[PDB]
Amino acid sequence: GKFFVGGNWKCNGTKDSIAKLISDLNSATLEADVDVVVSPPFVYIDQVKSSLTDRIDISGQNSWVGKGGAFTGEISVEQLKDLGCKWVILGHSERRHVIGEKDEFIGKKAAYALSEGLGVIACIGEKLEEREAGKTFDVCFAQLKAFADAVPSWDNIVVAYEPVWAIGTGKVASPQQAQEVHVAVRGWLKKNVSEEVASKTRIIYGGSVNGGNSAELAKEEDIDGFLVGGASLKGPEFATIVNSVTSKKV
Amino acid sequence: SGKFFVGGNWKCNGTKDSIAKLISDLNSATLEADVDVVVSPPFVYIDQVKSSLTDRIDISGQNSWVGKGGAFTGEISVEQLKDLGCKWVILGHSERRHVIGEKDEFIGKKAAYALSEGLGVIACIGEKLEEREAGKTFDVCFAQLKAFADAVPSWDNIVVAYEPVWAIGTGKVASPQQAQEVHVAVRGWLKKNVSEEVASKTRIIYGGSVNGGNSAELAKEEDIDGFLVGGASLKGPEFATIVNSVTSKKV
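Protein chains in written order, with the UniProt record's numbering: chain A, 64 to 313; chain B, 63 to 313.
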């Protein structure tokens, strides 16, 4: 499967800061064999689609579980597509653990998004209390099962592993610990979906990724790319992380 | 003693093309002068609406995050709503309370934050059918109000919207009389728990089923100060007529 780098801007940016970010992304020279995706806040998706190079795809940060209608404050898959999105991020750790979105709810969001023709960036990952109880793979496999029990197909799914236990806990995750989770996620796909899906599905790393560690991470056999957080807000650094694909080739 | 207020909540509806037509119909309408008019597009269309809609109508977000932006994937901050030109945000809407599950203190915090950052707040309250039938209409509504009151820095830029959630789809229907009974109690609650000044200046608007066939009638009730319109706000000419239903309140 082809190297994938997405930037999750989260709840950050204004018209002006995003205009500068877009200008920097457009000026960057990006390597050829990489799928590149950015994920603006809902309100800026129009601005980004109007001015960002079409070499980069656009993702929503969330989407409603089904068709639109009486869901005040929510955005539908139809509306994301209408605005030009090709992806949606679903089950991001902040939506699981800050908002409180549950697994089956997330699984349903994905099935709907995939059946309506969006790609899905499907996020999984365990918290500190969970890892400290030896439940890393139990947690991730239940999250995967909830996806697998619901989705019509894995063709347009990218799996993102987030080490929530490292994200802000003062703990840091090594490329070895990352590789360990990715290779297990791939094995779960082999045994619970199929061998074909396991090899063609991209498993991207969604821990702390920056210009100083992307080259090292890209070397791991089962890390197929990144879901970048804070660094995705800095155009040149994000471009360099995208271009870390060359490190996977060396 | 407050100016008539009519908001249109588009909820999770619309595309570029339908919203472009809605905006044209809204722009073509002649709206009565003594009314505050507000529309609330889905997040992704707020930019499109701000670019083309007459400045006579204010724009509202349908929700906002509880505090400053940052690591909250999928959420929109008050800073961003303001950046796009919104002057209002709807908070504690029944669909966010009962479908999404947002709790009172959380909603109260959202409103306090939005107001401190300079947005007006349409603060929604209302009881479910099970609650109404057990005699807890005012327990629920007053508790929802206390949660706002305990948090907000001021009531100057607050509009209270009462939603009869008990009628919203439950097969029951709400009359202007039943709405009036709730609104008069809410205003009384404000008199005793905030001040007489706030009670008389605060708009308390009706957020039940409002359409071109009942708005003139609803607008006649003494303590209904306007509307938070659902389905009808997607039909421009009908929304305009509802705004102009203010003439019914004078007659």
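Don't take each hint at face value.
[Claimed, not checked] Dumping the calculated DSSO-like pairs for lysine-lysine here, alpha-carbon to alpha-carbon at most 27 Å:
| no. | chain 1 | residue 1 | chain 2 | residue 2 |
| --- | --- | --- | --- | --- |
| 1 | B | 190 | B | 78 |
| 2 | B | 112 | B | 165 |
| 3 | A | 144 | B | 78 |
| 4 | A | 297 | B | 234 |
| 5 | A | 253 | A | 65 |
| 6 | A | 130 | B | 190 |
| 7 | B | 234 | A | 78 |
| 8 | B | 234 | A | 130 |
| 9 | B | 282 | A | 144 |
| 10 | B | 234 | A | 149 |
| 11 | B | 78 | A | 83 |
| 12 | A | 130 | B | 312 |
| 13 | A | 234 | A | 254 |
| 14 | A | 83 | B | 253 |
| 15 | A | 130 | B | 282 |
Quick caveat, the hints were computed from the structure, so don't treat them as lab data.
key: Hint check, failures only   = Result: hints 1, 2, 4, 7, 9, 10, 12, 13, 14, 15 break, sorted rising.
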